[PDB]
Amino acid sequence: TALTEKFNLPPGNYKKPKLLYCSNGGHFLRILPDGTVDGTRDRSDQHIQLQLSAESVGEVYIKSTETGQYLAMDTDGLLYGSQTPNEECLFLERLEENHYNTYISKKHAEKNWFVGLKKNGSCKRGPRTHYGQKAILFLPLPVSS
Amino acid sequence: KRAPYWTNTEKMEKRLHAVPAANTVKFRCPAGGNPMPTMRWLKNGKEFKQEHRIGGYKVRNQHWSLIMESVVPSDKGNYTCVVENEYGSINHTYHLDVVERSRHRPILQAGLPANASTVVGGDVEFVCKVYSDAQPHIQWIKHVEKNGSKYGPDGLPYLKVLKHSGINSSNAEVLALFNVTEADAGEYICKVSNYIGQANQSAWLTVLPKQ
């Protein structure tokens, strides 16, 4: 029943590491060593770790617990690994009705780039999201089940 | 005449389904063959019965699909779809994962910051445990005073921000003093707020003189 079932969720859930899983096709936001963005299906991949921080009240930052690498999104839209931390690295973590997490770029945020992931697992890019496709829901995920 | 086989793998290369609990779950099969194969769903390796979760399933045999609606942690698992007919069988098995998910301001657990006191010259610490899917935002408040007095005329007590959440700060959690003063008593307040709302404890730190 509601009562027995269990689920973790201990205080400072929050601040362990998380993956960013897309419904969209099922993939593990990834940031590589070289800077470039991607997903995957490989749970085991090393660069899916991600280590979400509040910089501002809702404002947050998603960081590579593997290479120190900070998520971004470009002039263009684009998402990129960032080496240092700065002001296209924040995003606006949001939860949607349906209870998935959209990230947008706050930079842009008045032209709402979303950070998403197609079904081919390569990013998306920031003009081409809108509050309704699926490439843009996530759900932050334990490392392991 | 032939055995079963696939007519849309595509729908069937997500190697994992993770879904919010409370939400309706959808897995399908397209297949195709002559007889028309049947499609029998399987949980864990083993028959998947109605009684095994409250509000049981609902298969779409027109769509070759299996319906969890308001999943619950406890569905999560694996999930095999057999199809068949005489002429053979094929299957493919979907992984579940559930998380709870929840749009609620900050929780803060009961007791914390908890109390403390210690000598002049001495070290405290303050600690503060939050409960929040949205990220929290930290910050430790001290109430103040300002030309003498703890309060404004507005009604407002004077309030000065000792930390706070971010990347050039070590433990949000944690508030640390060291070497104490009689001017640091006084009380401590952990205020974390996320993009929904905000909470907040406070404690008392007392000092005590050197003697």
Given for the second form:
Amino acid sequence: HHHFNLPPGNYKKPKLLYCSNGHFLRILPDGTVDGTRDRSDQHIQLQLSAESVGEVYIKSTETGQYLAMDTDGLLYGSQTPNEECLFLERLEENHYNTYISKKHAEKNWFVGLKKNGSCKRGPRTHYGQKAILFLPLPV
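Moving from the form solved in complex with the partner chain to the form deposited without the partner chain:
So it's only the chain below, everything else dropped.
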């Protein structure tokens, strides 16, 4: 139920995902997900991998945990790449990357960070917010 405009999606090298709200997506050891402004944080280095075209897994290079979103729309870190770890990576405003929960794609639940660094819950996100806009940057 979504467009198919895709960004370059270069997954060879690890990278950072910088949210337009000012934070780099971070996956913590305890399985917690949030955002930080510190570009030196060792938990913001991510390794993207593709499943079918346009689908990706987002994994912590440091902890090996996979980004995921539960039945309640909350982001967490998973040790295994289950159905909740698959995201549809799409271009937005012709320049940014957005990630929609494949599992909950019909509900438009995106990966999103608030200006205060906390994660947004799936239902609280939607097209048009800066919280869902990410820029893939070099580590």
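Positions refer to the first chain, counted from 1. Only the largest set of C-alpha atoms that superpose within 1.5 Å between the two forms is called the rigid core.
Once you line up the core between these two forms, the Cα of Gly132 stays within less than 2 Å of where it was.
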